[PDB]
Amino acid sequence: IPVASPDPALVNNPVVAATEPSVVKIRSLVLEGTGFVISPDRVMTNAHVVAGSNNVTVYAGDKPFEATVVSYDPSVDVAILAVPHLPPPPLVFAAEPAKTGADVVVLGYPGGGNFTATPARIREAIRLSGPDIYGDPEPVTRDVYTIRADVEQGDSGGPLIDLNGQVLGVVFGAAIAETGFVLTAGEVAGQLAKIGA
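Let me have that sequence as a structure, single chain, the form described as "inactive form" in its entry title.
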């Protein structure tokens, strides 16, 4: 779905500074990604960043914190880390769906470098379906937002936020088109239940 290009000024939106401390860098095994605080001392990230690792570090404002995988399943895109002594507060998920054309922001760590807010716009909420690959862990079907944005693998596990600073979903991929894929809040809810989070 064609939407207007994202608003470049979003990088300087006050929501970015307000949300930034709760968006953290993840280093595993070396696999790199983004996560965010979802409750005190608990970080959500992409399962593929931490899969099978007993050696995960979370970085919040340039300082390392030991992390332990506490909720994980190969059939699920998201994972939860326990992070003792993690100062930043949790982010809160938005109750209702984002709307077509809405200004939104991807927050994360492109290239494993510094924090960057990536301006974005909601294209559409869709049912993303693939072929049933026999025995393949990945879900066959996911509720996602397609967003107009130039996302990068370093943003994986990072939140898509609305302008209120609430979390609309989790970045997990990109079209093979200036189009990112984001798990919806409802999709995340269902996945969390699966892993006992």
Contents of the next structure:
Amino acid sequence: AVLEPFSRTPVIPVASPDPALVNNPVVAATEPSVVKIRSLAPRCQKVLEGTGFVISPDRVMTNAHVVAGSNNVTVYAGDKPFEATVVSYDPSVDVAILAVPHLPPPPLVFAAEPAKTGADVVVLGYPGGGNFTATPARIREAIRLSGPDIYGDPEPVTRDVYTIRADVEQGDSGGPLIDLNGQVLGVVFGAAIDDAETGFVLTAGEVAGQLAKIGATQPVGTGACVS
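Could you give the coordinates for the form described as "active form" in its entry title, as opposed to the form described as "inactive form" in its entry title above?
Only a single chain is listed, so you will not see partners or other molecules.
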């Protein structure tokens, strides 16, 4: 008889994030390029709020689920609204790119190399659709994560992610995980259900393919409401 429990390796244990990261000079320097996204989604009977960041002039990256099902997307930078168009939308990888004419802040650069276990990193975003907040974090591990896409479609997806030790909050989706150099390590998208202090981040490598469509100008749809 082979016994039939299911087991998996735990998320890599790492030290508590350094609380002082909230005051690291990288936070204030990066903040202008981290934007709030508000999406009206009457089909879903919701207003969605999340975070994005500038990837090139007039181009903002966020998660697909931050705009899924919506019919109007506004980007806020420096407490000012900017009209946005969804020009790339990928519910499998979970990334959207927005065209945002005349958006003042400069782009952030994706980090050239992967982060290492135990590294000090920072989640930047807008919890609750409120004020900009830096959330101290620590890298646990780069993993290949398999699971459903944002719609729960039949065929699962496999993506390169970081697990992090952090308290990721609703509204942080779409924001960057930055290193202490102010470069983007990935896009924060989720939190563990059962593992309280664990967040999930799409790696820079995982989202890189989306940039092939950065030159798009026409609106693409925003798909179904997330269940």
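If you superpose the two forms and keep the largest set of C-alpha atoms that fall within 1.5 Å, you have the rigid core. Residue numbers count along the first chain shown, from 1. Residues that one form lacks are left out of the comparison.
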{"query": "Core-superposed C-alpha of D62 shifting 2 Å or more between the two forms", "finding": "no"}
